[PDB]
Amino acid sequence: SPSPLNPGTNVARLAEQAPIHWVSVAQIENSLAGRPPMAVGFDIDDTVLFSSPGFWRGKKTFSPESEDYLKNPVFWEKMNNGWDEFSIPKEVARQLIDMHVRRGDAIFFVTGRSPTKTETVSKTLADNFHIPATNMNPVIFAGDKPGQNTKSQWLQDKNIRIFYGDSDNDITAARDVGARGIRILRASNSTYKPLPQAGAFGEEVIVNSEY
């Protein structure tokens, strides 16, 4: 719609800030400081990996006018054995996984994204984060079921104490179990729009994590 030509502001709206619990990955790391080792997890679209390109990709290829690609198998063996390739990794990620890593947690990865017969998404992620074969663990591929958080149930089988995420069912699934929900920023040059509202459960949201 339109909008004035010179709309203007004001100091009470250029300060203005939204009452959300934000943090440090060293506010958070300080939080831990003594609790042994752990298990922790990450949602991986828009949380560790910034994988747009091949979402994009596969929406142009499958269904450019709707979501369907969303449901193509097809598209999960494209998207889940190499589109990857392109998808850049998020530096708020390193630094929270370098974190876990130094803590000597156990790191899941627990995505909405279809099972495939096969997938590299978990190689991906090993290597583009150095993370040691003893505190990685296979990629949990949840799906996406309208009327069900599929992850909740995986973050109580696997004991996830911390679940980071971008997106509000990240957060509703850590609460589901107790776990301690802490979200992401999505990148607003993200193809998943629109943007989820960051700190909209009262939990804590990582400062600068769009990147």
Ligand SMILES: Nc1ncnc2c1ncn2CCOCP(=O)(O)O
Second form
Protein chains: 4
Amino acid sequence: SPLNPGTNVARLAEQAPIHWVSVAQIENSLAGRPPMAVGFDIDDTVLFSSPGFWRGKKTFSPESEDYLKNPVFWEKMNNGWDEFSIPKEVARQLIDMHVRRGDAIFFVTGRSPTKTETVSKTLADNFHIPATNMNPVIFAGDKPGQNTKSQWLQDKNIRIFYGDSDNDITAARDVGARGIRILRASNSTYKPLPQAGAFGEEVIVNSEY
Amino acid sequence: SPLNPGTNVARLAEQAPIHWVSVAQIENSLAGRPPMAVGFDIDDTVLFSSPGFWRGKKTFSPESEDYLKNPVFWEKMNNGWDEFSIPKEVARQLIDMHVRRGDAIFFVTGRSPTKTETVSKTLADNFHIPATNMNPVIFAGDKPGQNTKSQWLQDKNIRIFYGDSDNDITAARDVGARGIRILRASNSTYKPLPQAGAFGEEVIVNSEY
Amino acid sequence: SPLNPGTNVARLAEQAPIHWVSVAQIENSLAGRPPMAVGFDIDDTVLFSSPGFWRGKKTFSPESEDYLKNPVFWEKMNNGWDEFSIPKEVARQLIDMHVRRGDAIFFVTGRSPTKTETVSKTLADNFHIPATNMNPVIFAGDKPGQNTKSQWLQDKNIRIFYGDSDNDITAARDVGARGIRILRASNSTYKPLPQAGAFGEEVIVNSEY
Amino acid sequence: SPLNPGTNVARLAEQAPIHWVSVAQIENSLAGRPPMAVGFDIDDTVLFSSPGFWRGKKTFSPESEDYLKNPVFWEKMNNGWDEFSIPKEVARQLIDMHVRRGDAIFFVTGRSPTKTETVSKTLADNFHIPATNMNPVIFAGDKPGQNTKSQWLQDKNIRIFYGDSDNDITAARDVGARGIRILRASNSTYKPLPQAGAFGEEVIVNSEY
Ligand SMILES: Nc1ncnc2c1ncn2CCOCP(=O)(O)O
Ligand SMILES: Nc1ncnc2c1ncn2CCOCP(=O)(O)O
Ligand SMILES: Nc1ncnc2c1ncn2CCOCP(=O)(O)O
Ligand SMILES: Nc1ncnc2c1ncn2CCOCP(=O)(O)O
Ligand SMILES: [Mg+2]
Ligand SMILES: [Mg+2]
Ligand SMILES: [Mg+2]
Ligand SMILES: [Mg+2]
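Given the form solved without the ligand above, I would also like to look at the protein as it appears in the form deposited with the ligand bound.
To see the whole picture, the full complex is given below, headed by that same chain.
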């Protein structure tokens, strides 16, 4: 790359044509709507969980992605490594707003199912989710060639789904639900970063933290 | 204002919650829709006309805004000083797009009316608007015998109005047309700059030039 | 281009490695330095003069760049079309600061020399430059294959030179002077926009207006 | 905080007056310079270590900062919780660059000292630092028998110190070393984010990851 690439003011001002929204704008768009089911992706949507994925990679498959298909990894990831996962502020704000609305709150994750899991407790605890709004996390798993989330959004009648991945947005689209994008943080170990806004979907401002 | 204020990455990544759109997105939204009337504000929407307004302020009221109520100024402004106005590329793109659709093109200005005007010719020439799509500039306002921007949009069944000022957006909203915002350039002499998107309207990307 | 290109937060936060400065920072870096000669480029540095260049193009060579070698154009451009040129705020601030310092102020322009010129008066007037700091504009002209400015920076012992063009910065470099970049506005008819910072030079923040 | 705040192009193009640099620019500045001692702060400079700090706050002082004065926390933090810390790519690039130069690599941390520490191994492993360039982590501070970050930089003749906090920059400045700033990530639990560039120091581009 050039040592001194420079810039110009067209470039400095240039905006991607993205429908950006705030939590306040979402809440307003739902004003007077009665309680409904809504859902959240977990990783890079409500939890910065890269710490535990990074430990798993290093412990179980330093050269490859094999750790993500290792049951010994998932058993660690789902039963205590989320103690090191950093809650996202956008998620605190979204979840408070949905509890305010009286909405049923679901978490739908591509993480693999394990014998036991403490993830539901970590989420209920960290985000102050009352018993009545909280539901046990759905571990839909990862199966290339299939969006494992879509069936679950349909089964739970989820009408809004938040996620950082293209699969989160298209799971919502698959069922006619409203898909809303959260920015994956740039220090996530899950790379490349997705193209937020790539489906014409809403993207929440400042949602990387 | 510290000499060395510094910054941080939250501020660097910070986005206003704005519904940004492109010309391509607007065109996409109109696919299959029959020819219709569309409208443009003039100043800082299709022409950077500050050069003529700057000269008029210096010439007719260097220490006030009285030049804007001075018939002598308007006669100059509407009969040749737009030879120094700079066409905005966002407008070239939109007018080409609407002409290709077979839309009727209208211009609705709050400039004071004059005995003669050469602004219609300047616009048809600069923007290569065919005679069949072109319409004489409409001078809207609140002087006796005039109609407001709103009433003209209603009269001409204008379905989409493009403008840089709050009043262009509200004019369209008042009659249920689609108000679409264009950025006023930072070097405009019409200050302060409006808050594009202040009504949750669509704002065109990169529309300051 | 894709209809919905999207973005990510690495891209949103990404900064070119540019030495950005404020007028306050420049003034501080010169604190206690005795009066010296400094110089300014005119076009897109102190004056948004695109109005007159745009009129010249349209009047004299709508299909080409031939107007810039037409003496009939320069005679118009240098004797009254700068009445439509919009002073830049960065230049008001820079020039006030240099007058404060007791600096000798020069304007060095690639515009062609004419029989008479009112540009010096326009500049002295618009920027409130006292007789003692003001010097007549130097019309160095345009001669491909030669930086016509460098000899003049040498002759006048100019120690700091402000400009939007690569030739302004390298004229300063040619003579060991401090070259400082001003952003060309995105609505200028002089395109493409230069790569500000391309020589490792300082670039003044917000200098497009 | 309006629901729909909008924006304008002055704000969109606005740049803080910061001396931004790249790794390539830093390396260029060191061309021909013999091997030397360089230094790195640890937390939010070379490691995103918030995961361990977040767990310690929840574990040892959920409602205060007392965990930072709790020997039990530090013993955990310095003896394994950095397996969940995420290496910053800006640090990989700088350490590789300095190692290739044959520079001595130092780490100077304000973390509390412990009986044993495994952080040196974590850093040498994660960053592939050869034994000949690696040095045991230095724990600096103001406890009896300790020396400050400044005194250690002086002691080890560290010529360049990289850090995210104000105190890293001032430490280097105090002894006449080159203080270079790295952006603290927005999802760090160490808040508020510092104003990188607050002392007119160089700030590395894109250094939040
Ligand atoms: N490196 C990672 N950091 C955080 N989360 C991760 C990482 N790698 C994989 N994941 C999980 C992504 O979620 C799977 P889903 O999108 O199907 O729910
Ligand atoms: N500086 C200016 N002050 C007031 N009006 C101005 C100025 N520059 C241009 N204009 C015209 C704005 O258009 C009026 P409209 O928005 O009613 O069409
Ligand atoms: N379109 C233009 N707008 C403003 N200034 C212009 C334009 N075209 C040419 N110029 C003059 C550029 O200055 C020549 P210099 O950089 O040698 O001083
Ligand atoms: N949340 C935190 N509060 C205080 N210190 C913290 C926190 N997270 C990480 N750290 C360590 C910062 O390093 C201390 P140093 O800058 O003296 O090396
Ligand atoms: Mg995810
Ligand atoms: Mg207007
Ligand atoms: Mg110039
Ligand atoms: Mg630190």
